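Note that one protein chain of the assembly has been removed; the remaining protein chains are unaltered in position.
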Amino acid sequence: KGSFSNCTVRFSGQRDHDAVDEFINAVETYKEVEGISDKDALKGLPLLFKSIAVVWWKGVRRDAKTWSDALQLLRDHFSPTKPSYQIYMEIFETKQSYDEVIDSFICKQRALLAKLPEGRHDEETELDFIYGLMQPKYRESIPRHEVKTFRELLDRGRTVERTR
Amino acid sequence: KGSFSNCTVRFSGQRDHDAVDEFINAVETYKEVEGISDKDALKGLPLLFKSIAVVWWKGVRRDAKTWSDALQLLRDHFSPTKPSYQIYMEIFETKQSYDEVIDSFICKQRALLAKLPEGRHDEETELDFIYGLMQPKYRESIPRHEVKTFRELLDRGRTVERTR
Amino acid sequence: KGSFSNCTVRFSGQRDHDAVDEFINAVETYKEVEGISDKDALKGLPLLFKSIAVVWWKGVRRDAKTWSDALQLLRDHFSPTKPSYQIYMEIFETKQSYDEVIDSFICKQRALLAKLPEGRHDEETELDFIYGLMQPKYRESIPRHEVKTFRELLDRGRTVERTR
Amino acid sequence: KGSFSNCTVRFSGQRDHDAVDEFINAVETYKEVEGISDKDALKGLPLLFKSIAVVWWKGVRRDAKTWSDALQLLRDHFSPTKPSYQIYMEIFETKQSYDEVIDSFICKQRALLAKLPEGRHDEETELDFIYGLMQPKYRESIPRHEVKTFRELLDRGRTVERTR
Partner (left out) sequence: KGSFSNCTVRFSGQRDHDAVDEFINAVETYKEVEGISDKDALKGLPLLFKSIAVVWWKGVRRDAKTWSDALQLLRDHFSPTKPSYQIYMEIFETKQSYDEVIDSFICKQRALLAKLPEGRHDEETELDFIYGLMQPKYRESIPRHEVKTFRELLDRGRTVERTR
């Protein structure tokens, strides 16, 4: 049923991890849903670029041969894959300011913790790294060693938020 | 005939009841009209998120297994389901100001009264809760005990509005 | 061939006669062109609302049963169907200002004269009601009793406009 | 394959020759490409108007019977078909200012010369009417009687432009 005719999601070259990962996941998901072969998918790839990136594709066209190589090359030229110590310094710089919802803080911190190499941290030390930066509006009620998984922190945060 | 190819309605994370309920009802209605199966509908769900929420979906992907569970989880993480006393204080705070149409006031107050638990109020006390906040431009003509249902209030409000 | 999948024309609740009549005529025309049945058309109606009006449709869903009833209810809740004397006062308030084209004035005045009940006025008194408000730039050349229909007024107005 | 479902090009009523001619040519071209019959094309015409013009179509609906009559009526009510002496005064009013490209000047002047009645001018006097208003940056090099057609003027203008 077609092969990359037209869609809303495009890519520009904004040089950030979130936009690049969102675009790659959306394209990779669309290919699986619509059911397009691997050889037919690479011919339609300049139908998505609209910016500086199409000038980037006019030069590096002869380096790609398969779909996985082109996707890894798009991940390599733009996502700079920052090292570990900048991430560990970026988590401890900004505390949770007053009058901010729990869910935005938790999803931003989880998206920041996903950048580390996989298999290096469990769930328990993951929650222990995040339990040291919350406001005293939430730390007065729920103590440590009672919340065992990463869902129960939000489950008890939404109760104190409604109570005020 | 396809399975969530592309559409105008998307979701961002605006943290409000009206936008979330509108998006969920529009998606739930589109699934019923187009005739898509339940197993095929969950594979196409990241084609709708475009914001902070796609970073939220990159983390909580392994918690969803059926369509109803994913819809209830999207209702739970964003719509905060406010308690009763804040609603009963929010209805009595703002009176109807001068030079405002009847229909906007009635639809906003009905959308505010839908947040209570279902089966707790009849139609008569529902109209009795709304008849105490209207302007004297409308309360001089129509008295109580004459309007029995919730349609006749608008039916007699549109007559006095045309008369001026 | 589908049933209200996606389209550009939507409705918000702007509270005016022109936008409501345009939206209703466009939807009614699209249903006739595409060839959709009456029972299939009502299931897809919340795919068009995008505003306050979808909160209005979450409350008055159980009042509609057929397509004509829903269309008349949408005409009733928003188009206020103003009385006659306000129209007859609105026609005689604004004269035709200098340096304005004939066609805009004629189409606006015809759209204002359509609001009266049908069958109350002929063509001759219709032109007699409009011939008293034009500029002396056009009334110096063409006199009364020479223009018999409503097309010849524009036909002789476009000649004097080109001449200047 | 459908009959005027939805498209980007619409019409508003901007009262100019270029926008009206572009819209009419695009619609006339789309009808020929998609292959739609003449009786099916007139039912879908209010799906394109979005402005004051739809109020204009609610009044003059009963005057159209064929496609050519409706197209000529749309050309008549909006394009005012200016007389000859205003065109001959409009060509000689604005000279070519300094630092402006040749191609924009030539295409604008050709679009202005198309408004005259057809068959009144050859190619030679057409170029003779345009050779009297160019800058001395171009008239120092190429003389008259050497450029015979209307293409060689641009062909020798692009050479002097690159040279500077």
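Side notes on the structure shown:
Letters are used for the chains, namely A, B, C and D, taken in the order the chains are written, and counting of residues starts over at 1 for each.
Just so it is clear, contacts are C-beta pairs under 8 Å (C-beta built on N, C-alpha and C of every residue); 3 or more make two chains touch, one makes a residue touch a chain.
Of the candidate positions A:59, A:117 or A:143, contact with the hidden chain is made by A:59.
Contact with the undisplayed chain is limited, among D:30, D:129 or D:138, to D:30.
On the side of subunit A, the interface with the absent chain consists of residues 2-6, 15, 43-44, 46-47, 50, 52, 54-56, 58-59, 63, 77-78, 80-83, using the contact rule stated above. One chain of the complex is left out; on subunit D, the residues touching it are 1, 7-9, 18, 21-22, 25-26, 29-30, 32-34, 101, 103-104, 107-108, 110-111, 114, 151, 154, 158, 161-162.
We adopt the following convention: only the chains that are shown with their structure count from here on.
Subunit B and subunit C have Cα centroids lying 31 Å from one another.
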